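Produce the complete structure using the sequences and hints provided.
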Amino acid sequence: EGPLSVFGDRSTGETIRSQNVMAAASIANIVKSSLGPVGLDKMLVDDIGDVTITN
Amino acid sequence: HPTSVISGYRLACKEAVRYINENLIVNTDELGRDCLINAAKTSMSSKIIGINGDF
Amino acid sequence: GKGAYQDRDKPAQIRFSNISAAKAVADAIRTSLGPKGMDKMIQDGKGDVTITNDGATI
Amino acid sequence: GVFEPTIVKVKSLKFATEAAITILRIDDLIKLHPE
Numbered sequence: 002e003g004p005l006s007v008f009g010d011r012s013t014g015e016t017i018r019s020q021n022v023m024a025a026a027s028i029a030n031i032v033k034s035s036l037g038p039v040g041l042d043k044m045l046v047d048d049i050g051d052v053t054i055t056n
Numbered sequence: 113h114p115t116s117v118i119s120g121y122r123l124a125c126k127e128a129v130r131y132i133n134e135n136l137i138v139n140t141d142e143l144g145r146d147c148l149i150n151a152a153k154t155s156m157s158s159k160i161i162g163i164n165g166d167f
Numbered sequence: 020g021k022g023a024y025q026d027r028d029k030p031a032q033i034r035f036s037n038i039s040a041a042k043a044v045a046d047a048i049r050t051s052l053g054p055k056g057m058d059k060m061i062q063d064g065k066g067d068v069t070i071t072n073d074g075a076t077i
Numbered sequence: 502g503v504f505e506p507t508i509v510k511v512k513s514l515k516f517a518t519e520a521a522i523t524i525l526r527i528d529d530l531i532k533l534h535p536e
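Chains as they are written, first to last, in PDB author numbering: chain A, 2 to 56; chain B, 113 to 167; chain C, 20 to 77; chain D, 502 to 536.
Treat the hints as calculated values from the structure; they're not laboratory data. Some hints here could point you the wrong way.
With a Cα cut of at most 25 Å, we get these calculated SDA-like pairs of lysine to any residue [stated by the list, open to error]:
1. B/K126 / D/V511
2. D/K515 / A/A29
3. D/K510 / B/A124
4. D/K510 / B/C125
Dropping the structure here:
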């Protein structure tokens, strides 16, 4: 970096844009398999052992 | 430029919302109980109570 | 003219450092000016997120 | 007999467009270090 002593991290330009898009895509890819009368369900387990079944 | 994309998206959304009001069906024109039952059964599909939609 | 030798260079170095820092800040916030300027997102160390175009807030 | 309320479509379109617009405007990210 050099200038702008910020004690943080800065990202600028297409890079961040692409990153943002990817994040959104990931979320969709989690639920894309639970849409319509044919899609199936999901099982979620926490750290202690509770099970939640849902779509 | 992103501003052009934003303006195009806004225009498309407004026109789509305006046009959807031509695909409408008045449920009193249909038999009310049948329309309600069909709406509920359509909502219930893809769930654990799918095949039992009528009950 | 013929004399008045300057035996200390620290003031010039400090002035140049100040100039560089100010120009760096100005160049950083340059991109948000005008009807066709975009926004910035700041994530605080605590975890709060703000999206803004205002200069004072940035 | 496959029906749905129109409000579902209308609200989904409006909210999705708003979210896309509000994310499409960011060109710079700054992430500060934890204290």
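Here's how the hints hold up against the structure:
no.: 1; hint: B/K126 / D/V511; result: holds, 10 Å
no.: 2; hint: D/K515 / A/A29; result: holds, 18 Å
no.: 3; hint: D/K510 / B/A124; result: holds, 14 Å
no.: 4; hint: D/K510 / B/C125; result: holds, 11 Å
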